[PDB]
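A single chain, nothing else alongside it, follows as structure tokens in the form deposited in one PDB entry.
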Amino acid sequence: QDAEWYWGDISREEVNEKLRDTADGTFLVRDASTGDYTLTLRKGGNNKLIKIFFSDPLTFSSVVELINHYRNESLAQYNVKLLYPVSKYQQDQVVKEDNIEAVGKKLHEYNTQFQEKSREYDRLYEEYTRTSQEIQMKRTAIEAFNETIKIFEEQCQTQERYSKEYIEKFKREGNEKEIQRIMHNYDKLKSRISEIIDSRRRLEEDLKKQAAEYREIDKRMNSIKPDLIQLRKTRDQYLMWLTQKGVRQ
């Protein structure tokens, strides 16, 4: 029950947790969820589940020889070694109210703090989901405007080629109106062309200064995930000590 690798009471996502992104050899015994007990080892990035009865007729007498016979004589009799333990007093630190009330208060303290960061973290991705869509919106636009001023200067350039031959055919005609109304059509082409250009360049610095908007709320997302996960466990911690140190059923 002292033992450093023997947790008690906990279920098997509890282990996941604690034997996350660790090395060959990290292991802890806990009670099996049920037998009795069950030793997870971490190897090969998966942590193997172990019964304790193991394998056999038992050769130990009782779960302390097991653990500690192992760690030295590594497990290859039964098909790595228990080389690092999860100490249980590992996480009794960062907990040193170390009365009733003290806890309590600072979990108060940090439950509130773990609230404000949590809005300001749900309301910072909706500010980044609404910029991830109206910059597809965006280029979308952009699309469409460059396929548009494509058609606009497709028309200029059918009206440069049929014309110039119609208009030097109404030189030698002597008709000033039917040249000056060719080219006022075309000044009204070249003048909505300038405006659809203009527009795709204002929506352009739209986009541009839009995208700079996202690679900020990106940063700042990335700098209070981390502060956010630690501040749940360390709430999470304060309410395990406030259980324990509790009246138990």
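Positions refer to the first chain, counted from 1. We call the rigid core the largest set of C-alpha positions that still match within 1.5 Å between the two forms. First, how it differs from the form deposited in another entry.
- For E120, a C-alpha deviation below 2 angstroms is recorded between the two forms after rigid-core alignment.
- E153 shows a C-alpha shift below 2 Å between the two forms [criterion: core-superposed Cα displacement of 2 Å].
- Remark: with the core as the superposition reference, the CA shift of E97 between the two forms reaches 2 Å or more.
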The other form holds:
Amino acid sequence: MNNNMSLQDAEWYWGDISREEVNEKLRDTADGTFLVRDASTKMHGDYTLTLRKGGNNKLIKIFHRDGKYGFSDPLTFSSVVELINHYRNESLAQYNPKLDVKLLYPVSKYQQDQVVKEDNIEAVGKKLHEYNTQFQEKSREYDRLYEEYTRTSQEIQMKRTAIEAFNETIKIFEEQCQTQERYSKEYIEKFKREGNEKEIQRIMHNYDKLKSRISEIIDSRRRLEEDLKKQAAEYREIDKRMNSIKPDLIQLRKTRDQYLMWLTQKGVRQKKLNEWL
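Take the protein just shown as the form deposited in one PDB entry and give its structure as the form deposited in another entry.
Partners and other molecules have been left off, which leaves just the chain.
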């Protein structure tokens, strides 16, 4: 039943697609996930098998000589479908004991059939146009949020060092309180006895202005702290919104792409696709 089916009809056969496309199909997939593509025209071999093993993509080339297929001489399989179907039922330890895994999970080119069976070329090429505009609308939504995100992160950074600069300043003006306090416990004592209230007056006026200045700078720093908290909250809030957009974005792109492949089979005029975009 299985082995008589043509390679061209086989689900895990994708023909001439690039290693890159293969890479996106295989990313973050479980062990035993696989598909077959045409080999690159510059190397020997007819097809490349790519499977998941231990977080990596394994490329195993399938050769042909005189009606026979295989990974190495001797070539002992009658067809590619046969070879694959063998290893879907037997561990690749047989070929390489270092590679203990079987070909468990195919990657169907009729997988788009699950998310779309909708048939009319133009019923699909219109849904595509709809999913696409839904996608670019969210794209811009997320981009605008990203420029707020960066602008806010920087202004927070500015504010933070300003807080540190306020603290150094307050530190100094309070060391100037010590400089003033210390330089007076005697030079005012001597006008206390003798009662030179004349001059004591305007030292107090000066000391007060020092206290007054300290007080206003502590206000400023205090006001900056409330602005810091305000903006930090704006930042975290921004980060939350982006995190709600992110999943919808990938799916929208994933869905749009699936519909792009389905329209790539059925070979839609690539100038039509452009008008649908």
